[PDB]
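Below, in structure tokens: the form solved without the named molecule, a single chain.
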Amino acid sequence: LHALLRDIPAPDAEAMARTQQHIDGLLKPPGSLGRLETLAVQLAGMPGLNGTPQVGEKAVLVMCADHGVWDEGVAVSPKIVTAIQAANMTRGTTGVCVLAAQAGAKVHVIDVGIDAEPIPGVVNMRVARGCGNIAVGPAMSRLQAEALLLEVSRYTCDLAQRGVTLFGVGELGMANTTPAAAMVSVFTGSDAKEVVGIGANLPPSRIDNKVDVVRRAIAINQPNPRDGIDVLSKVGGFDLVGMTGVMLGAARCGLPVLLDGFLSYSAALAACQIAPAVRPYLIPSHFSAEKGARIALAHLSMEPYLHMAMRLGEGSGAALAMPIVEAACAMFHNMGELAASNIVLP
């Protein structure tokens, strides 16, 4: 793991300078394609993309797990919905499946801790049947968190061998917006009230209890904000650890990863804390309608491309943004050049 983190490559400044020069000469006023230009240059710098913005195969990794904190009444969805939806992921009927299919991406469903019998068709990496209730103790041991990070990291970079060059990250886990809020509060130093949202339609009257649970989780566990693994193991969850793992693996592999919503922002804060070198590889997708989204994004210094008021999760936002990544590549490789049309601009 220390080796893993140590070997994450820095972005290639040489390929990026070459990319910038090429974009400036395309058939348009310099800088007019804005964030599409910046995105193309960002991609050119990722070593796994071989010096040029390009997209080969695409995969969305959905980390599934249950949470003991569900018993504190912080979620209205029945606990079994995690297991049921994970099965639906194998049938192609969920939101991320439909949006991934539209983008030509494949969905990998990974069970890292569902509290139910194993589901055929789902990748089995389960740590336990649900994590510990963070309101009274830790979600898991540090050892468990580190081992899951490594296993998911390896699985992720292995896909790079099969032609995958663009990843999307997602989750499935009833009650997971509670540990997500705890993590965001700890990493950003923001009060729980400012980052606890309604998740999957929690009634406005049940919010107070959710905020209290988050504060108790932090008070009892005393997670160290400077140690991302300490934070994940104490007030996180297996799904959150798994998402962080996809990010470290894509980075080690020198490839881009598209974030999704609030849960993924929590995982990204942990990933960047653990290894700042991961940052250049993350690409935001949409601006989640979850209350703590603005704060988490400000700490990651990220501005999403899509404002869709989405809050489903599952990696649906990440899938929705894949066409945008392909568009930056299309602009780069297919547009004509000013000089060829004899156009000279100041």
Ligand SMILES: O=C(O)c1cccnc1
Contents of the next structure:
Protein chains: 2
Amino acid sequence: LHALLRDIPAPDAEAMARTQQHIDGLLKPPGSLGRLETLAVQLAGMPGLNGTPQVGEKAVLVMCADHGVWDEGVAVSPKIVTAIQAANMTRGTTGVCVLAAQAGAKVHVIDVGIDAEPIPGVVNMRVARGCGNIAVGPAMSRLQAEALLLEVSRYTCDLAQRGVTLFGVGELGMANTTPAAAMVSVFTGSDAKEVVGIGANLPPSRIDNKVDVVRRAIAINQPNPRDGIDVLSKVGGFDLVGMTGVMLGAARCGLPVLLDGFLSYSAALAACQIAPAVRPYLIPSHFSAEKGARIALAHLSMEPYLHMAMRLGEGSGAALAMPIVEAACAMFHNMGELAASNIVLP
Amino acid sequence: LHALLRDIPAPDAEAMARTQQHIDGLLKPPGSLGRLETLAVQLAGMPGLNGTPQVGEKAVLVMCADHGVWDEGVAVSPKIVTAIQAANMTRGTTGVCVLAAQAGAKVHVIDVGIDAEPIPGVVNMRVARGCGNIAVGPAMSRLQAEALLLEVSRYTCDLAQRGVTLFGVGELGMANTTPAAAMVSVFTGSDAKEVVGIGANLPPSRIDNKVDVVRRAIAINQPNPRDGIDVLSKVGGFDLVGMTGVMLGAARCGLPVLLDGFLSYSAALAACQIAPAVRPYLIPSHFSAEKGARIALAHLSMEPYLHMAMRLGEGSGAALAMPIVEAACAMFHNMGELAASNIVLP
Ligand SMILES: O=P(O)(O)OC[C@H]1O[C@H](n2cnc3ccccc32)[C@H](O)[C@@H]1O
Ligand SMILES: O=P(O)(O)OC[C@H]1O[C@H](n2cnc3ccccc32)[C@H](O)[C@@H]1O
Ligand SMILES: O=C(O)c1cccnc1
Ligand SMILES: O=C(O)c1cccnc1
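Got the form solved without the named molecule; any chance of the form solved in complex with the named molecule too?
Now the full complex is given, and it begins with the chain already shown.
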């Protein structure tokens, strides 16, 4: 794992410089395409992209797992829904499946800890049948977290060898906005009440209990903010760890990764804490309607492109933003040049 | 024209009700897909869509024209660029062409007043070789504005008969952010300094002159805020009128129209002033980087989906948002249902 984090490539400044120059000469007022231009330059700096903004095959990775903290009454969805919805993923009827199909991306459903019998068609990487209840102890051991990180990392970069150049991250697990909120509180240093949201339609009355649970998790486990792996293993979850692993894997592979919503933000905070070199490869998608979204994004210093008030998860937001990444590439490769039109602009 | 505005259909509440019920039963926590859900319901209410959110052929209409106010030094792009870039539109090398191609939409270039010889391949609807300089008088006569509105309206709804179900509006005309700013000031009641921007890279030093020009245009012409046609003809432009016409045409046709940037906002303010029934058919795309964008959007009571810091125009933002409209339809038609999975959620 040390090898992994060590071998994460830095961005290619040379390719980025040539990219900027090329974009500046396109048939348009310089800088008029704003963030679409900065996005194209960002992509060009990613080694896995061969010095130019391009998109080959696309894949969305959905990490599924159950959480012991569900027993604390922090989620209104039946715990069984995790397993049921995971199966639906293999049938292409879920929200991320439909949006991914629209973007021409393939969805990979990965079981990293569902509390049910194995589901046929789902990638098996389960650590255990659900993680421990973070309210009374750690979710898992440091060893289990590191092992999963390596496993998911390898799998992710392995897909790159199959033609995948753009990744999307997602999750599925009832009650996961609780550990997500806990990690955000720890990494950000914000009070629980400020980052705890309604998740999947949690009644407003039951909000106070969720906040108490998060505080208990932090007080009991005492996660060290300076150690991303410590935080993940103590008040995180298998699914959250998995998402972090996708981020580390793509970064090592020198490829871009599209974040999704609130759950992904917590995983990205952990990933950046573990390896700052991962940051240049992250691409925001939408602005989650979860209460702690603004705080989490501020600390990641990211400004989402899409404001859809979305809060479904599954990687649905990431899939929805893929067309935007492709647009930046289209702009870069298909637009004409000012010089060819004899047009001169300041 | 009175007939036109009179025959604009109201939204189909019955279809919208069935739409909401269907969306609520999809394989996801109720309301979790946020604005994507509200968008699907909006589409369902549009009569031209046959009671369901759907998208057939897509078209982006780019209205091109020159402005006399260019002589006041409010634009740094050579006046000839309007004609040159209009020709490039027919070659598919411009920004809107590339983004439209990515969305699978066809671009229609319409000349409503370019100050140059006719351009082959461009739809000819020119009123005159550029409009009058709004700083010393009106841009055109009320008659010319009404005639163009009718002509563009008919053309727009005529495309609907060819299979087009989703429209995008755009423009091309050096110095058009000046009359656009003037209209925004008048309709909104805001001071010129608050809504005048840099347009296509206007030097910061030259901003004061642009503001003075806008004030002069308003003082000299005395446009009546309560009369959208009066405002358009006095301190507007041929291109701006054309965009308004696309909005009225699609609304009459009961079809959705995607707005673009700042220029489109001014046209939408005029359209809504002329016929409030047009509002339900308008769909925002991105949030323009032009200074007066926030003010204009507030008065239209619209919240763009995309935050790309874009400021190119041409209808590039509208094309970029088309995939989002298609996603709402995909969600509506392709997602599975909770009942079929025996899943129950509050
Ligand atoms: O903390 P919570 O309140 O439980 O909210 C997080 C959960 O809701 C989302 N989620 C995504 N798809 C879903 C289908 C059914 C139910 C929930 C679903 C997340 O993917 C996760 O499963
Ligand atoms: O008021 P202004 O400062 O002139 O800014 C408005 C102009 O810039 C944009 N615009 C769009 N495509 C362009 C290509 C070359 C130059 C400008 C262009 C608008 O479409 C319009 O032509
Ligand atoms: O932002 C998300 O991804 C999210 C928010 C609430 C519930 N589930 C997912
Ligand atoms: O918002 C726009 O469409 C825009 C802003 C500046 C210059 N041209 C177009």
